[PDB]
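K.L.:
Throw the hints in and build the complete structure from the sequences for me.
The residues making up each chain are set out below.
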Amino acid sequence: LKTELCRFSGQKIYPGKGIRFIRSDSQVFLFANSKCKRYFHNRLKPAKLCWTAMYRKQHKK
Amino acid sequence: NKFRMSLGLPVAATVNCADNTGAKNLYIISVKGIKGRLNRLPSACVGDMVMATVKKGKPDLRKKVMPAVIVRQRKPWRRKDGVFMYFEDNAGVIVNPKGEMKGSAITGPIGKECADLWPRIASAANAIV
Amino acid sequence: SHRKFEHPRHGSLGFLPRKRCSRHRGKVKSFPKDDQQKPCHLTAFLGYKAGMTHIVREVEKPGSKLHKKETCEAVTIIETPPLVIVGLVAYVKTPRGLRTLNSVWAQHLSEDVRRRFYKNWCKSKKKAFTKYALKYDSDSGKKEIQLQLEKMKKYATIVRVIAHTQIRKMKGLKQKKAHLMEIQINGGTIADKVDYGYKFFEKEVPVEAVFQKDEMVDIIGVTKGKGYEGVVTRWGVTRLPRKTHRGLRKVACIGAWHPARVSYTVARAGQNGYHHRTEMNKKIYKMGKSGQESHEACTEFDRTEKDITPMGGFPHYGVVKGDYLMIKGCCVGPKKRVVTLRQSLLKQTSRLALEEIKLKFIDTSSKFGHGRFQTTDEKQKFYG
RNA sequence: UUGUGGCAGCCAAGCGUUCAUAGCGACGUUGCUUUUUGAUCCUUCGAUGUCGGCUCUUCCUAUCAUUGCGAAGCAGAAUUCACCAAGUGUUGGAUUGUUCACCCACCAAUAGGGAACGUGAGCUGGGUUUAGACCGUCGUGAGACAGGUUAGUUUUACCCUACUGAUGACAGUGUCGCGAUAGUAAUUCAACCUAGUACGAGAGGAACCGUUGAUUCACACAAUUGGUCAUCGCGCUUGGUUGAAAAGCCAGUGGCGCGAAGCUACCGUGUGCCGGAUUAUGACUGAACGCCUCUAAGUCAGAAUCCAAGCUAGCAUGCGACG
RNA sequence: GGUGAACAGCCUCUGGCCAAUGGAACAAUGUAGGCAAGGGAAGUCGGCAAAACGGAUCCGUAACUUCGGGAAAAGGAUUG
Ligand SMILES: [Mg+2]
Ligand SMILES: [Mg+2]
Ligand SMILES: [Mg+2]
Ligand SMILES: [Mg+2]
Ligand SMILES: [Mg+2]
Ligand SMILES: [Mg+2]
Ligand SMILES: [Mg+2]
Ligand SMILES: [Mg+2]
Ligand SMILES: [Mg+2]
Ligand SMILES: [Mg+2]
Ligand SMILES: [Mg+2]
Ligand SMILES: [Mg+2]
Ligand SMILES: [Mg+2]
Ligand SMILES: [Mg+2]
Ligand SMILES: [Mg+2]
Ligand SMILES: [Mg+2]
Ligand SMILES: [Mg+2]
Ligand SMILES: [Mg+2]
Ligand SMILES: [Mg+2]
Ligand SMILES: [Mg+2]
Ligand SMILES: [Mg+2]
Ligand SMILES: [Mg+2]
Ligand SMILES: [Mg+2]
Ligand SMILES: [Mg+2]
Ligand SMILES: [Mg+2]
Ligand SMILES: [Mg+2]
Ligand SMILES: [Mg+2]
Ligand SMILES: [Mg+2]
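So the sequences go chain by chain: L, U and H.
The first sequence begins at 1 in our numbering and counts up by one.
The second sequence begins at 1 in our numbering and counts up by one.
The third sequence begins at 1 in our numbering and counts up by one.
Just so you know, these hints were derived from the structure itself, not from any lab.
Incorrect hints may appear among the rest.
Said to hold, decoys possible - Taking beta-carbon pairs under 10 Å as the criterion, some of the chain L residues facing chain H (in silico):
{"id": "1", "residue": "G10"}
{"id": "2", "residue": "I13"}
{"id": "3", "residue": "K17"}
{"id": "4", "residue": "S34"}
What the hints assert, rightly or not - Calculated from the model, a selection of chain U residues having no Cβ within reach of chain L, i.e. all distances over 12 Å:
{"id": "5", "residue": "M66"}
{"id": "6", "residue": "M85"}
{"id": "7", "residue": "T107"}
Even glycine gets a Cβ: it sits at the ideal position worked out from N, Cα and C.
P.N.:
Written out as C-alpha cells, the structure reads:
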C-alpha cells in the first residue's frame, strides 16, 4: 500500500489518516497526529526531541 | 459537484487579499447561495463566493462590496481522501460576478477545491495544492 | 402577537416519549413482507456491536467527483456468532390482529439459553423445560408434537422461528445467559416454512444464510444511556444569555397564558438516551466468516496478515474471534450492546443500492490511543 | 359597538393604441373582520406587575415562496389575476429603547396574523413610571411640561394541577409476542446532460427523465480531526520546606508542554420511507333539451393534501402461545 | 525567616488551631473557578462579563498646552 512519511516524527502514515498543513511558502507538511502538529506549531526542532526518527538517525541509534 | 467541507469564515471575518489587484485585505459580509436559520451567521469555506468590502487597500477599491472567492482557510477540513488538510492564513481573491479573476495572479497556493471549482482562479494560481 | 422571526422546531415530535426503553434487546416492530415465490429464508439476525474502524475504497460512481478516487470511510464491526434455532411459532390472523396459534420447542436446549427463563439462575433447580423435554422420549409425546406441526401447517399464515445467539463464543462479554427472539421466515408456502424450521431445529444458522454482500440492512437496538440530561443537551434549544438570574440552560417561555397548560410539545428536562431506534439503509461491505480467508483483513491490495481485531483488542469489547459484519456508518448503542440486524423493507434500487464495494485497506491501529502501526509484529520489528 | 384602521363584492363612465370586464374600474353602493384608534365604563383600585427585545411552543389564512392547476394585452424568459391548498419555509446586519420605518446582502421567499396587544416567582430594565440633578418655555413663586438629558432595588415556589422523565399494586412466576390508541418528519435548491435546443426576425432563451452534490431539520455514532484534564499520567519550572543529592510535598488545580480514556461538535461522521382515497383542474359515456353537454345516474386522471405503510410509547388498570 | 522595591502576594519557625453535623453517589439546573478549534463584537440598548497589557533595564516618546504637563503616551528590544 501507499504509505506516507510524517515530517516531524519521520514515521510512516497509513491511508486514511494524517494532517497535512500547507504552509504559505507553498510547501506541504504532513503531520502524523495531534502531538507532532502541536510541537511543530510551537516551533520545536524535531532533531532535538528524543523520540523522533530524525533525532535517532542523526545520532545513529 | 463539490462536496461539503468545514465552514470556517463567518461574516465580519477579515481575510488576506491574495492577488495583484492592490487590495490588501477583504472583509466578509455575506455568502452566495446560503439560506439562513435564526441567529446563524453565514459562513464561507474554500471555494465559496462571498461579498466583501476592502478595509485596508488601494483607495479606488474601497467603499463598495465586491464578489470575492475564498482560496485559503485555516480551519482544518476532512478531504474525501481522509486527510485533514488546511493552510496557514485566511485568504481570498477578488472576482467578478461571472467568476472571472479581476486581477492577474494569485500569490501562493490556493485550495484544490477552489481552483477546480473556479475555472479561472485555477489558471491565475501558480501552484495548486 | 405573532413571532417576530420564525425558525424550525427543535427536537422531533415523531420520537416521543423519551423514557428508558422498556427492552434491552432491540425488538423488531415489522418484518419484510412475505413473497411466497422466493425460496424460504430468514429475515433478521442478532449481532453484537464490537467497535468501529475505517477503510479506504475505490469508488465506482460515474458523474461524481469521487469516481476512480479512493475514499476513507468509517465502518462498524458486528461480532455475529451463528444463531441456534430452538423453537417454532405460528401466527394466525384474527379480526383483532395476530394471535400465536401454537409453539414448539427443541428437545435439547443449551445450558445458556435456559438461563433466559430465570431472574436468579444459580439457586434455581434448572427445571425449565425438564418435564417438557420428556415429550420427545415417548410415542404419545412425539405424536402430539407432530400434531402441533400439522396444526401449524394446516392453519398458520405467519411462521416464525425462535433463535438464540451463542453468547458464550463471545468471551468478550461477561455474560452467560442468552438473548432470544423470533425471526420471521419469508418465502415459500406455509408448509414449506414449517418444514424449513422443523428440519433445522437445534442446528446453527450462519449470518451468510441471512444476508449477502453489498446489501443494505437496518440495525435496531437501544441507544447509549446518557442519564437525566437537560434541555439544551436533550432537546437542542439554544442557550440563554450569560447574564440571567437563576440559570441559562433552559427554555424561557414554556407556553402562552392560554392554553393554561404546558403542551406536550414544549421542551422539558428528563431522560436522554437509552431509547429504541431503527436506522435504515446501512450497507454491507464484508462478512467475515471464521475459517475462511475472508476473515482476515487482507484485501486484494493489502496483504499484511492481520485479523480484523485492532491492536490491543477492540476497546471495551475484546478480540473478534467469531463471524462478523462490517457495515458502513455508525451503530446504535455503546460497545457490547446487542443489535438486531433486519432485512430492509423497501425495494433497494438506487445506484447507491446497487453499488458494489471492494476495499483496499482496513485500519487496524490500536483504537485505544493514537495508533500508529498495523500489527504487533510490525511494532516489534520496528522497535527490536 | 366599528365611525376610524384593514379586507372583499355589485353596477359599469372610462383607462387598457380598435375592445367596459386580460388587468383595472371613477360616480355610487353592499358587506366582512376585530391586530389600531375612536366610543362606553360592564369586571377588576384590602394591587391581575404596564413598552420593547431575547427564548420557546402552538394556532389562523385574508397565500410571499414551494407541489398540482386555470386565465392573459401567456411567442420563449419574466411577470400579473385567480383555484384546492396552511404540509414546509420565511434569514445576517448598520441606525433607533422602539413595535413601526429605512437601507445593505443572501435567498425559492425574506407575506401578514393571534394566543390577557402570548411570554418579568422565564431573563433584561434600554424606554417609562418616584425620590438626586441639568437645560428650554410657562409661573412673581412653591412648582408644571403628552419637551430633551443623566444616575436610579426587579423579592418567594418546598403547595395543587399541567408538563417531562422514574418506580409500582391489581390469576403465582418467567420468557416470546399481539397491537387499540396517541404521536409522526422530512424540507428546499443548485450543477452537468437535456441545450445554446424548443420559441423567437433578432435580442434573448426554457422544462420533463437521468446523474451529483448541497441547504434547513431529525435521530444516532466517536474510527478519523478538533475541544476538554485534577488520569494531579508523564516531563519541565518559579517561590518555599524537609542538614544536602534522590524522592516529595505546600501555593484551594502553583504554572506551562503534551496528554490516552470518557463525553463531544454540521467543527467530525452515517442514515432519513413503499400503497391507496381524493381536492383544484382536465376529462369519458350520456341524458334532461332528436343536438350539445365532465353531472343529472355512472366513471377517469389527479397534488408539499388526506389515511394508512414505516418510525416512537404501548398500565389499554386489554389480550395470545408456552415453560 | 525566604522571594521581592515591600507590613503586596506565595511557603516556613515561636504561638494557636483543624471549632464550623456526618455517610454514600457524580443526574439535570445552579453558585465560585478554568479551557476551547475557524471568526473576533456579527451578541447586545451598551464590549455588561471575561480575555489581552502589567515588574525592571535600555531606546523612543506626537497633537495639544496655563509651557508646570501630556508621559508609564505611542512603538520597540532584553530577562533563565
Ligand atoms: Mg485530541
Ligand atoms: Mg437573533
Ligand atoms: Mg411576538
Ligand atoms: Mg410568523
Ligand atoms: Mg446531537
Ligand atoms: Mg440579574
Ligand atoms: Mg480512540
Ligand atoms: Mg368596519
Ligand atoms: Mg372603513
Ligand atoms: Mg374603567
Ligand atoms: Mg385596581
Ligand atoms: Mg399572575
Ligand atoms: Mg383559502
Ligand atoms: Mg408568569
Ligand atoms: Mg433606567
Ligand atoms: Mg427624579
Ligand atoms: Mg421632565
Ligand atoms: Mg395518529
Ligand atoms: Mg480525546
Ligand atoms: Mg533582599
Ligand atoms: Mg510580606
Ligand atoms: Mg474560541
Ligand atoms: Mg458591539
Ligand atoms: Mg442584533
Ligand atoms: Mg451591533
Ligand atoms: Mg443600537
Ligand atoms: Mg468591564
Ligand atoms: Mg494622551
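K.L.:
Please verify that hint: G10(L), Cβ, nearest Cβ of chain H, below 10 Å or not.
P.N.:
It is violated, given that the least Cβ distance between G10(L) and chain H is near 12 Å, above 10 Å.
K.L.:
Close enough to count: is the Cβ of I13(L) nearer than 10 Å to one in chain H?
P.N.:
With a closest approach of 9 Å, the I13(L) hint holds.
K.L.:
Against chain L, does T107(U) hold up as non-interface, every C-beta pair farther apart than 12 Å?
P.N.:
Non-interface label fails for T107(U): nearest chain L Cβ at 9 Å, not farther than 12 Å.
K.L.:
Checking the smallest CB distance to chain L, is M85(U) really beyond 12 Å?
P.N.:
5 Å, violated
K.L.:
Mind checking the CB of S34(L) against every CB in chain H and telling me if the closest is under 10 Å?
P.N.:
Holds - the Cβ of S34(L) comes within 10 Å of chain H, reaching about 7 Å at its closest.
K.L.:
Holds or violated: is the Cβ of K17(L) closer than 10 Å to a Cβ in chain H?
P.N.:
7 Å, holds
K.L.:
Is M66(U) truly not at the interface, in the sense that its beta carbon sits beyond 12 Å from all beta carbons of chain L?
P.N.:
For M66(U), whose nearest Cβ neighbour in chain L is about 24 Å away, the distance exceeds 12 Å, so it holds.
Against the hints set out earlier in the document, violations occur for numbers 1, 6 and 7.
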